[PDB]
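Here is what each chain is made of, one letter per residue.
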Amino acid sequence: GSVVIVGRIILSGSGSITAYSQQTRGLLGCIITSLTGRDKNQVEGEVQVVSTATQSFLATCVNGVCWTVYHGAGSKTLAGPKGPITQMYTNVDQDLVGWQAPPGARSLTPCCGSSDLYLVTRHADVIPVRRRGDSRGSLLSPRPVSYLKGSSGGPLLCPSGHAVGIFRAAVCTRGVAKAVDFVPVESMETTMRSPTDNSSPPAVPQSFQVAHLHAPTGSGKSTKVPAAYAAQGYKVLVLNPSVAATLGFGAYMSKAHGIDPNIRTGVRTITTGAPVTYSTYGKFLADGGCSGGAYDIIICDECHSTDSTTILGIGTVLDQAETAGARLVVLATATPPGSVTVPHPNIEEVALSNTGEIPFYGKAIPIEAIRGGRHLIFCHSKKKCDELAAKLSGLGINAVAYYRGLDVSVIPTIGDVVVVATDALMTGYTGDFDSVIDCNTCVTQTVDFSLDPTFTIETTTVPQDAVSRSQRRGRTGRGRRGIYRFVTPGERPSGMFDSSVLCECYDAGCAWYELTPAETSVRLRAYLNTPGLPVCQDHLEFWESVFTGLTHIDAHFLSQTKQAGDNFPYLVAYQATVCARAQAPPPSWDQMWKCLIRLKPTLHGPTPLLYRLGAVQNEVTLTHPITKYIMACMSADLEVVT
Amino acid sequence: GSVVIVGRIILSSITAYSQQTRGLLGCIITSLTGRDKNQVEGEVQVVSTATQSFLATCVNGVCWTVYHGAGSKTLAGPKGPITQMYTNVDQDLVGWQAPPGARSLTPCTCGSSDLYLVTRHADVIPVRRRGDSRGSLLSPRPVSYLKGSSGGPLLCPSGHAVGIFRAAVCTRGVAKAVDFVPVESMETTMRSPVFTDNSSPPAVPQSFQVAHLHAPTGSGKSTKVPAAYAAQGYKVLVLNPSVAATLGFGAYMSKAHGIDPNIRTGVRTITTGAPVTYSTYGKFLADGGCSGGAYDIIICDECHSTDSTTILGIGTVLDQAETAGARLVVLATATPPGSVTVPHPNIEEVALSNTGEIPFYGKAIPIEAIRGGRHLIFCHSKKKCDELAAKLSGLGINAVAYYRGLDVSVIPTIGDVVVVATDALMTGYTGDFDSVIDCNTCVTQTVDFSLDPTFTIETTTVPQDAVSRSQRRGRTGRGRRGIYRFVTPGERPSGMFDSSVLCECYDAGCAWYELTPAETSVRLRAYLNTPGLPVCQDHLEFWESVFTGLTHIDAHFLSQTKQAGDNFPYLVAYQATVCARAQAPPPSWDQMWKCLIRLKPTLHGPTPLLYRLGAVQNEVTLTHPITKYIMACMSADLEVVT
Ligand SMILES: Nc1cccc(C(=O)O)c1C(=O)O
Ligand SMILES: Nc1cccc(C(=O)O)c1C(=O)O
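Chains as they are written, first to last, in PDB author numbering: chain A, 705 to 720, 3 to 97, 99 to 182, 185 to 631; chain B, 705 to 716, 720, 3 to 631.
Derived by calculation from the structure, the hints in this document are not laboratory data. In this text, a Cβ means the ideal position worked out from N, Cα and C, and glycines have one as well. Treat each hint with caution, since some may be false.
To be clear about the criterion: a stretch of chain B counts as covered by chain A if any three or more of its residues have a C-beta under 8 Å from a C-beta of chain A, and this derived list gives those stretches [as the list claims (entries may be wrong)]:
(1) 3-9
(2) 12-21
(3) 418-424
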């Protein structure tokens with residue numbers, strides 16, 4: 705699935003910056019060219035209209051490099067004359083990707100910094116921008132954000148027609164684009180002028198350094214590399230998203246490499262005074278972060294993880310580590326931002342067809358593929374797991390469902406099995422399988438600044454990303470041969486997460502780790518300011534302002550939402566608090582609002598709605614001080630992609 | 705563009006599972022050819038256009054779905070594209086003869102009131118039958134869950150079809166009930182004569198009847214047919230959308246039929262005392278509708294027209310004509326709902342290529358196309374009209390822009406010209422042209438029940454529909470050889486309009502026609518309830534409820550929003566009234582809020598927003614009684630398509 709040129713924007717050569007559009011390709015041409023990776027059409031112009039199957043945006047040639055945004059192109063190839071053109075430049079952090087420009091492409095030249104600027108839009112509109120900083124400009128006449136959509140990668144031209152930068156995000160005030168965020172031309176020059186690798190453990194530097202370990206699978210990033218450090222006489226801390234992983238390392242490292250490491254998890258903590266410690270990011274945060282000179286090296290393992298505890302944890306490490314005398318911080322992952330799933334020699338990859346006795350995600354699994362052996366099937370949801378496991382056992386298959394809220398002992402270590410599991414499997418359970426069958430979808434949460442009155446956390450099913458595919462596919466072919474069976478090829482890009490997750494770090498700061506909103510912003514900032522980690526729109530000021538106003542929460546409701554393990558325990562207990570204090574009903578009577586069930590006979594009238602966390606079925610009032618406070622926060626500059 | 709089976713929903720206790010039988014490429018290629026040599030299975034099909042995805046259910050050898058999804062489109066099928074056997078815009082229902090090897094479901098006779106809705110995700114929602122077309126959902130669900138499920142079956146416990154899903158019944162974004170096309174409507178449509186002759190004017194009956202006149206372009210439905218009737222000693226009212234056409238018909242009867250008719254328009258009235266009157270819809274409304282015993286026949290010309298005035302004018306006739314001693318109502322149009330664009334023997338139709346020195350909508354116009362002769366070029370906006378007219382005048386073409394605002398004397402009646410016009414040309418100018426060049430797009434208005442705090446009227450560029458395309462093309466080829474140049478062959482289904490048009494009717498009722506919202510409801514209900522006219526979602530109770538609360542309007546602001554001639558003068562002036570009375574700024578200082586400028590340095594604080602009519606730049610307050618009122622109005626059943 706390449707990126708295709710489907711038209712171009714032609715700029716004027718004299719006087720005022004004007005532009006007109008030309009469409010060179012229809013839908014069929016596009017989808018065919020996307021498949022072949024082969025575009026024999028002659029490139030004209032500096033500004034390309036580009037399309038994937040799912041979205042359309044712009045691209046601008048500058049210094050012989052055809053430039054666009056990471057958030058639109060991923061690490062996809064460009065359809066070219068001799069075939070797919072690989073990306074010469076992928077920079078997730080600057081939101082910038084670049085292809086060697088093909089024959090007959092022309093470049094814009096870099097802008099004597101004028102402050103009178105001109106954004107070329109995808110409908111070839113030329114809108115005036117006033118330069119405000121290195122990467123910002125204000126829209127002279129503010130416009131709706133819809134006006135700027137699909138204009139990512141468009142040029143910001145100064146009056147000479149020279150390029151200042153390429154458009155990457157709109158800055159909003161309650162839905163109106165008041166400014167533009169761009170990728171400067173200087174960032175392109177830095178990208179093209181930077182000298185790499187990251188496959189080997191970093192040597193311990195003389196003074197504090199953050200370093201990256203992009204370890205291949207089966208190279209001992211969590212056992213061999215911390216052991217090796219400890220042999221050199223270093224004190225090392227290994228932080229992992231998973232209790233099951235953390236204990237398995239402890240057990241393996243006591244058994245094989247000699248050291249009986251200290252273990253720090255909720256369920257199990259042991260101090261041996263050995264130079265190595267395996268911890269979860271959760272236990273580490275519960276322990277109050279970095280302690281006085283205990284560690285020389287901090288291995289932040291699975292640093293690709295975008296759950297709130299890993300982001301908070303890594304954030305804490307980065308802000309605290311140097312001051313606590315660490316010499317080195319390692320950000321370790323097999324799958325960094327921008328990385329893509331490529332073939333594995335121990336893994337036969339087999340497209341699931343419509344022939345098979347088990348219907349699976351519009352295609353079909355044959356019974357004889359899962360008749361013999363131990364097999365893992367990924368499903369997006371609890372219901373589908375409970376359904377599939379029932380259908381399969383009915384056909385005489387030893388089918389077990391695993392998902393959150395269940396104990397792992399359900400999965401046998403021993404014999405024939407089909408485990409039907411959500412992504413919960415992967416932090417819950419350490420075992421491998423003879424084949425994996427992957428639905429290639431997952432559940433995600435997305436924020437919407439919906440202004441009805443405030444925001445919505447929206448739950449959705451999305452295409453899986455490169456990190457998902459590779460992690461799930463990697464549950465097979467470990468040391469031996471395996472099969473990987475799928476519904477769709479191709480992934481959405483890796484290394485990006487929603488502003489929803491930032492909200493979720495504040496929620497956890499507040500619910501679990503006794504962090505003020507201010508305290509969490511310092512940690513999250515450390516995470517965002519560090520390059521090479523997953524990336525997010527900076528909504529730190531926004532989210533801090535929301536959580537700052539949520540005061541005098543009911544302790545009891547919060548313990549309940551915490552224990553019940555659902556998303557946003559703070560935000561749920563907090564809405565419940567406002568409801569109970571007003572003797573008002575919850576937004577609905579979904580399982581989310583169960584803390585209120587005792588009170589149900591006493592609760593009447595419209596719910597004082599703070600935000601939307603699901604369907605609102607009851608009538609609403611927007612009069613409450615806290616609704617109003619959260620409505621006022623919505624005035625914050627919100628940088629959103631377009 | 706055919707509809708394409710891309711999958712199927714296999715049916716069993003009622004359970005369902007889905008199979009995907011086609012990808013995006015296959016869909017595009019199949020949609021282009023109309024040959025789908027894939028074997029049809031099941032009784033529920035998953036189907037697709039370029040834009041939409043929905044369901045089809047087979048009952049009585051007929052493969053049924055929604056008009057709002059499928060339009061008049063052929064179905065890709067084994068030996069090429071299957072043209073639709075049934076089209077019922079009023080019932081929202083289309084049928085194609087089921088392809089061989091495709092099972093039908095048997096109709097449900099035993100009126101069981103426990104029903105089961107089948108979604109496009111193969112889920113089986115319990116639904117309790119309420120009336121003929123409605124079932125209440127046993128567990129209210131967000132509207133988005135039901136998206137893509139139009140044409141899916143409502144099953145009784147037998148497994149027998151009750152009807153097909155067509156719409157969600159919403160309370161503030163939550164589907165609490167479903168609307169469906171029942172099985173009895175399918176039989177009625179089936180049992181109906183496939184072609185009924187509406188070519189010839191009907192006989193005047195002894196008792197009141199409403200009749201349809203579907204007569205070809207050229208057949209004098211506004212001259213020869215009123216003339217013929219009057220020759221029989223009948224009194225005829227001919228209603229037209231256009232002031233220019235109304236005057237023009239009176240100019241032609243004087244000549245070719247020896248009747249000097251009465252003429253009624255805003256600008257000009259003539260009373261000759263004749264048996265024929267030509268009036269505009271708006272003048273007919275200004276006059277106070279139907280006067281008793283004034284007319285025997287009312288011919289509502291151009292009755293496919295979905296402007297607010299024509300809809301209100303037609304409803305007024307349907308409600309008042311019988312009681313005013315009329316015996317016949319003729320609903321007259323060349324383009325009735327469901328009609329498809331067809332070859333015209335006078336019009337050479339030629340697609341624009343990318344070769345040509347005049348960029349136009351991504352394609353190009355050769356200068357040899359428009360150098361010499363008199364041509365009409367249709368653009369969606371006046372900005373595009375001005376750019377193009379400026380470009381062409383540079384090129385040595387004698388071009389002229391025409392739109393709302395401009396006087397039609399800009400267009401020379403003689404000599405070479407290129408007219409660059411919006412659809413405003415249609416009602417303002419009567420002449421024809423050597424060629425028409427069409428952008429195939431138009432500006433429309435769309436309601437969104439956005440709950441931020443109330444509703445939004447959104448302005449959007451949409452593909453044209455068969456009616457528009459016809460109307461635009463029909464400006465060439467009149468009694469001579471035309472050329473018709475286009476950007477795209479795409480054309481949306483005809484005979485449908487948006488809920489904002491209903492809003493527009495109440496607004497015109499209150500601003501212009503001295504109508505209470507209850508009076509507008511009577512009229513719009515006559516229009517809605519009459520079959521064979523354009524169709525709309527029934528939101529009369531909702532709009533009447535909002536408009537009813539808009540009491541004590543500032544007359545000075547209203548006269549101003551009227552004089553200014555822009556849309557929703559009543560809503561605009563009413564928002565202004567509240568801003569002024571609460572001594573607060575307008576939502577912005579866009580042209581729309583010009584009425585407030587005399588008061589600008591006295592006006593401070595948040596806007597009391599009632600609804601959104603464009604971008605809101607100022608901070609907002611929800612405290613106003615009127616705002617709280619319109620919010621209470623939003624709790625009404627809103628029937629929406631998903
Ligand atoms: N594939 C693995 C499974 C468990 C542990 C490790 C490790 O970090 O040693 C690995 C590996 O990546 O080598
Ligand atoms: N194309 C027309 C132009 C003017 C008048 C008439 C008419 O109704 O007589 C027509 C027509 O379509 O017949």
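Against the structure, the hints come out as follows:
| no. | hint | verdict |
| --- | --- | --- |
| 1 | 3-9 | holds (count 4) |
| 2 | 12-21 | holds (count 5) |
| 3 | 418-424 | violated (count 0) |
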